[PDB]
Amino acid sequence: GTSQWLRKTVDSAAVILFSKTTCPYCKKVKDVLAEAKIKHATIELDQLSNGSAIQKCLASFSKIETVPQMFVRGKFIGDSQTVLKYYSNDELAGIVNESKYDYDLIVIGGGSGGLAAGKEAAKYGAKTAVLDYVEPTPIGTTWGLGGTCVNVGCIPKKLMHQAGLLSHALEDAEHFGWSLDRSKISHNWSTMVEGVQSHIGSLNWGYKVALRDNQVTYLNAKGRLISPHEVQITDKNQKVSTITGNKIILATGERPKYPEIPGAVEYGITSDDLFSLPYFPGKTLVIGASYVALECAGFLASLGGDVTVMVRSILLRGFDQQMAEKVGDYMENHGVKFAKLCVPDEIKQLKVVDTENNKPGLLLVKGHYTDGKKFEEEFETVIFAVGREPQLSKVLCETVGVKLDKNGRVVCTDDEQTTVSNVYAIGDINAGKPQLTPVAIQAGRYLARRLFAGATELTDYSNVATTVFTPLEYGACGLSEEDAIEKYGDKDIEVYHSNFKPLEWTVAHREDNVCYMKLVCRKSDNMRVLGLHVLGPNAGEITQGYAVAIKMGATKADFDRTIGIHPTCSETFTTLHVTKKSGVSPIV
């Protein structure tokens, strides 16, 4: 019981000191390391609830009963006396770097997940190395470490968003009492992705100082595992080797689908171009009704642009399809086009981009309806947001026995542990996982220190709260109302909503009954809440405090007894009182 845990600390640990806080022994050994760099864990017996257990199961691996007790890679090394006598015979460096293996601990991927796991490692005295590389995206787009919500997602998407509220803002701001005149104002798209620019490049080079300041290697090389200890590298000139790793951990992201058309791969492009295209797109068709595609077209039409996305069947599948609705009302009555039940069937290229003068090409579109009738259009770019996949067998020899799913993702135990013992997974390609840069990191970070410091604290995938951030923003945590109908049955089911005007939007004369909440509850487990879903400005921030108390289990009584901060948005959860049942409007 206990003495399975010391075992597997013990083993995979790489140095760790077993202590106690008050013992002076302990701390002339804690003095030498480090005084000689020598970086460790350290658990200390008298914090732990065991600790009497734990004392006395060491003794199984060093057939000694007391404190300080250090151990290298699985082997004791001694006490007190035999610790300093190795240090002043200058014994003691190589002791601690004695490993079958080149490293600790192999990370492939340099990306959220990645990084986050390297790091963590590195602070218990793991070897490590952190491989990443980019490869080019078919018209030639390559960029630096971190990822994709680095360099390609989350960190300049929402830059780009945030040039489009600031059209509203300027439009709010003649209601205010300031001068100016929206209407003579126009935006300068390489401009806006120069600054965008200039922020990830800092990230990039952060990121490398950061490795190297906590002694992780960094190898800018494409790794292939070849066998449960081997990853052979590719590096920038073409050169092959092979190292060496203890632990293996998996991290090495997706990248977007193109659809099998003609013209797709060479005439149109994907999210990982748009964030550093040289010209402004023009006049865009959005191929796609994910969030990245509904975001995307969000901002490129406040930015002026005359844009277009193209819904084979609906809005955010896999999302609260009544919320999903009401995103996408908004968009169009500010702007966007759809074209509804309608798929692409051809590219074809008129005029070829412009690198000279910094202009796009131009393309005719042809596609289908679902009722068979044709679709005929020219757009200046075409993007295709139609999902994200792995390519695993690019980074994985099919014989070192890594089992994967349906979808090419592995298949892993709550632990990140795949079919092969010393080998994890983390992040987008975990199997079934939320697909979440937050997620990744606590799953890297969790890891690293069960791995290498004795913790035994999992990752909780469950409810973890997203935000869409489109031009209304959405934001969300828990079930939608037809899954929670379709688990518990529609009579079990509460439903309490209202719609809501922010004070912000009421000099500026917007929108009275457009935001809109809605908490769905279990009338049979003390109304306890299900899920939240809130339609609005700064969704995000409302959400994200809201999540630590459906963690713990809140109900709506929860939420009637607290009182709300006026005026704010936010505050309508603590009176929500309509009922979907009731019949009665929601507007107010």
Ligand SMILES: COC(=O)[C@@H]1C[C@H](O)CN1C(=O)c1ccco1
The other form holds:
2 protein chains.
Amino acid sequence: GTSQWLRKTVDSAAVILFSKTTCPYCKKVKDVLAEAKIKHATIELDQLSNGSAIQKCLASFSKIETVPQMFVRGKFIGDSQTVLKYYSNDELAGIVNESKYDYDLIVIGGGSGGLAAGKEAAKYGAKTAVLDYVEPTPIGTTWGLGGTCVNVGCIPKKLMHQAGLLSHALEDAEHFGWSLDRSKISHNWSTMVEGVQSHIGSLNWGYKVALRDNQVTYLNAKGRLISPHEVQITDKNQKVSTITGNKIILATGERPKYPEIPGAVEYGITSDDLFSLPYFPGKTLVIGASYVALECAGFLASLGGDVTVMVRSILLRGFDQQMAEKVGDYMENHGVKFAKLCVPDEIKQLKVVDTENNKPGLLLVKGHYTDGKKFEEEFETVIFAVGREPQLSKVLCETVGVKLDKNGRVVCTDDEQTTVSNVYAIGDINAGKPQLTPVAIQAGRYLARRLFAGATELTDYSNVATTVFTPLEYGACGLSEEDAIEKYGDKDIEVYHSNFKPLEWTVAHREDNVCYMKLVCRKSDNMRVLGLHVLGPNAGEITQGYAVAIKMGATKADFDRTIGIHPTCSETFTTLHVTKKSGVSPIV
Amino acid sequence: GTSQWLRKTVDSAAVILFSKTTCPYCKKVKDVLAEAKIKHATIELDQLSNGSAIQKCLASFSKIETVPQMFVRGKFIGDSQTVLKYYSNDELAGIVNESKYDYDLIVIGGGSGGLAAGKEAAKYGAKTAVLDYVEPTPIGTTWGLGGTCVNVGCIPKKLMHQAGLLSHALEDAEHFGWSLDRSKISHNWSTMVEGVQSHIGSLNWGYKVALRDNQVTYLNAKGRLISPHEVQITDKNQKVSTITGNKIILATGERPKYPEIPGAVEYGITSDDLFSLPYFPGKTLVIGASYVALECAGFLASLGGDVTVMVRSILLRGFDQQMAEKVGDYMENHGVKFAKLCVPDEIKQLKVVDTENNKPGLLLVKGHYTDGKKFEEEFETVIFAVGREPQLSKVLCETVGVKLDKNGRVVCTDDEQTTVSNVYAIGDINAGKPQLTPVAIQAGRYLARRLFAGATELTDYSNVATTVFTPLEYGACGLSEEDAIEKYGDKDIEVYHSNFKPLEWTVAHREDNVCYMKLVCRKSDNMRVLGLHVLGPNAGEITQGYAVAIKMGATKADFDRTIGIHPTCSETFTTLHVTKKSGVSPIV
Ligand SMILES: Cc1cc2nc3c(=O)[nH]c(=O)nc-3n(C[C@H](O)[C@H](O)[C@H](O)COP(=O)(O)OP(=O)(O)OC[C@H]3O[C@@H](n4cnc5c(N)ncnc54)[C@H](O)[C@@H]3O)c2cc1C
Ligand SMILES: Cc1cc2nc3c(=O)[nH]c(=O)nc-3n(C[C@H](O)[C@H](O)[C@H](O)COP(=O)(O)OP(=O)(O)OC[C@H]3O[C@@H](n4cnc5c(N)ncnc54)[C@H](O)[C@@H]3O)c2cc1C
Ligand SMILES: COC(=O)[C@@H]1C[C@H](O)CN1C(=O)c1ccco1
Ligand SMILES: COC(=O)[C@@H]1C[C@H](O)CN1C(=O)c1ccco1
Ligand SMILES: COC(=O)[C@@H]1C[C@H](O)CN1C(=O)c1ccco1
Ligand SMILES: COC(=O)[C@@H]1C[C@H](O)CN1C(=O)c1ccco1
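Requested next: the structure of the form deposited with this ligand bound (the form deposited without this ligand having been shown above).
Below, the chain from earlier opens the complete complex, with every other chain and molecule after it.
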């Protein structure tokens, strides 16, 4: 296995030095490389229990067994005397830039995964290009470098969530002694958007600076893989050319779907458009029931909007459904209207958007309930959140040989390799993986280290924690209660649960028994915690630390022996005792 | 060991039933006991791997080996036929109330620990009395049932902390688009206090109801242990009497100290007085540098006060000192003044408190710096936070034989037993233990279960997490960096660290590099996490979940393989990489 690792490491590393921390000759080569601004990976054999065997195996490539040994793109370059010879004769720079391809790495897609992968690879001396292009929305919206999260996802949506949370802070401040009168305060949508977009602009610029400072080539051009090593690019002037690369990472993400009904594309919008919208949406219908749909409906209501959500079947399909219903009940008691068991049939235009007075238009929405009854109502804005999909037929010629699944996503091995050996895929287009920004970043960083620095660590996709930033937030890690019961049987599942009330809500006169948490446990495995669920303020901060314990195999007993921090919401996890089987009430 | 456990369980349980879940005779005895309102512990032998051996050992007390077997205060009462005989002849109630003492348990002290212990014991049939008396402060302040945390500690202090946090929420709301003008809003101290005190009143009442519903005798009287089983009580009319109890739990807590200088007791106040103060303190000097001192100074500043803290040597002695300095720097940049290396010599009265106009008085404070230079300044309120101490000479006759340490706290074994075999001590008076409310509650609950239900689990006092609720909060679990280095040597310690900026602070234009976190790790033990530290918003919610992982022995690798939740502050722990040895900057 050592010999098989060494061959794979030597073949794919761009520039790599085998060394020992105690060798003055290695130190001498390091200095020359640093002085010449030659970036490289380094493996210190004296810090690996496998080092003696590795030192012996190197002779299979170089015919020597000593350190240092420097390699460039699979070719042994020399020991100390030889590297310094190339330096002194001004031959070293041409040797380390010698390649069959233009780039060691081409990343198609400049988002969460692709930027992480490209920056990490360049750190070990891989000559890297990152391609990013943003196809405009139907109404023309576009944005800068960074991907979906930075521009039209996690970042603007949580900032708008905070704007909505501040409405309750203003209400609570009177009870805590502050002299303001909440009923005389209003919200200005365009002032919010200007502040959100200025932060996003600082992120766009930060990414371009980071790529420049890592010597990464940034091309604002649409990429198409036409053979295993050839990428056809089209720039902003429609000029077409081809570049070559040794390794390819596909990281192109997804975009919103529209339903196939009249008026949807013409007159509706999606989350792509919402976060830079120049006018307040007004009376708004959200079609869909995903976390995107409920998060946007939630902050629109808190900012004073008249908001309706149209639900085809259930809320948050794929999440614990007891928690999903508690999430929606809270929203429905705090202003959000729901049209349940309902789908749309067409959108008709009554008024065109007023681009000069900065005002929305007006629409008539016609639909029907599952029993056949009719839906008909007017709205100023209609937002579709009915899922997201990739469009890899635009990215990937089918003759290259990259296998896709029934949904159009890329079938990968557990090290992100596609069915073409030099081509990898990360992020939302990787079939079967959780579609989250921290997953894409970890996958891209770890992959770059395996390709160019001889690392072995894989990304672990199991028990990845999540948080839904609805007006009352919902954090989770592990299995839903119904999934656990399906897998192991009701008799082997124990559920501990409790309501709770944040101390902050007492003087503010908020609700007694709305926040809720539970632990879903396996009796026959020492009461292993299979899933953790919490509905309450700051739910993502609450949940995150427990993700480490669950990764380590925490049991109910581990939660019991750990002491709480008081006063907090999170401490309620350390003293749970009421079981669902007992029938005892969970109320405070 | 089984035989030794069984004897200890039988001797101390008040009412206990040995049973099996599948026995209809046991079910029949259970029903009779439930119908007669006889509370008891129950041990189901079929759910213990030790059950066959226990069944054999019971015959050493009862001369029978079958189930059910019912015991009262160490005496075997009968099997099925015999218990039903006593029931039918109306003899059972007198048998189960037969005792050498008035009470199975007397708890001296009605606070966090004592209330928890008393309620848990009563659940297993122990006849329990809880004694609570609140000696008034020098100026006359007193309060109701619940102890220091409920009335003059964690609960009011965090509610006042929230009042102060809402001042920055009001400032931030303008940047997020809300139409308020922060500079025209003021705070009303007395309106805040009225709301805080109404919540506290609901807790006082909740505890009296809970004791009544658990059949616990509540005596509002001062207790004194005069022999191992005799408690002398003095009531509100100065009437003196004696009650007896089998087991005794001491849970009397501590009170604030005053420095031995002229004017301190006469003219200053402490945290005991602050949380119900009828007037705003005005220009305020806080003498001390504990977490109590900095927490009170912090919210007083955020509520508009002119506040000075006088520091004898260092801030937060006993906590990580890099974190302590970051905590104080933030307070000093946000309005709190510090007089460093300074102690007071006297307090002189210039104006008496105006009880009718609802106004503070005025004082002249004279002190000196450690180099000899003089301090002299006028303040309206002077608050001493220079530590807390017990006064067990008032609680405990020295002839009883309970050993105290040099600081006046009770020397206990690892099951909370004192040097007198039937007397135990929990909470802040237990020598050497962390002085926190969740520790006192766990100790009291677990102890009651060992005494009266045959449990074996001990309280684990190691690696208990904490949070200091200063204006920017500080959470910690495990060793400080300097303690880790002292124990293991600098060469064996690695520290990963990073600054961070909450997403909420970006649009609000708050500081870039003030929030900070670090992990203190042991190289020679697989990079075990010895301590975790975080300075930022919601630090107690952040820290709590990680306490479970640290209890389980988490390593740096466990933090690395766990994926973050985005966008959160807590996720920064999952991607730490900059080491202190590297010298690389931790800034964003
Ligand atoms: C509204 C919303 C809210 C979300 N909130 C969260 C949240 O709170 N937390 C969380 O963890 N995740 C959240 N997500 C998910 C997160 O945004 C994604 O998981 C993440 O952005 C996926 O990263 P990626 O690298 O796979 O792709 P992306 O970030 O989508 O980047 C792909 C990039 O490649 C570009 N591209 C596409 N085709 C080509 C081509 N042919 N040539 C060149 N460039 C191309 C795209 O235009 C895009 O810029 C949210 C998503 C949405 C829609
Ligand atoms: C300002 C402040 C803030 C704090 N904040 C926190 C925080 O955020 N988190 C945290 O975990 N901890 C906090 N603490 C600590 C916490 O309050 C204590 O650890 C906890 O209250 C100790 O519980 P106890 O049962 O040991 O005693 P106590 O809660 O002090 O209860 C003892 C009771 O017994 C009574 N008593 C005394 N003598 C007698 C007698 N002879 N007869 C009858 N009754 C008697 C006392 O009057 C009192 O009512 C704080 C403390 C202070 C002072
Ligand atoms: C997951 O949610 C549900 O399952 C509930 C019951 C129903 O079947 C679907 N549903 C809702 O539409 C809803 C709206 C507000 C609260 O719940
Ligand atoms: C547990 O975290 C996940 O992301 C899970 C993992 C699994 O693959 C299905 N899944 C999701 O559908 C999801 C949640 C939010 C966006 O997608
Ligand atoms: C623990 O704190 C310290 O150690 C610093 C340095 C000094 O020795 C003590 N000290 C402070 O008084 C202080 C005030 C505001 C920030 O720090
Ligand atoms: C780690 O948590 C603790 O409480 C530690 C444990 C240790 O006994 C010393 N100690 C304290 O002095 C302390 C902190 C807050 C109040 O007291």
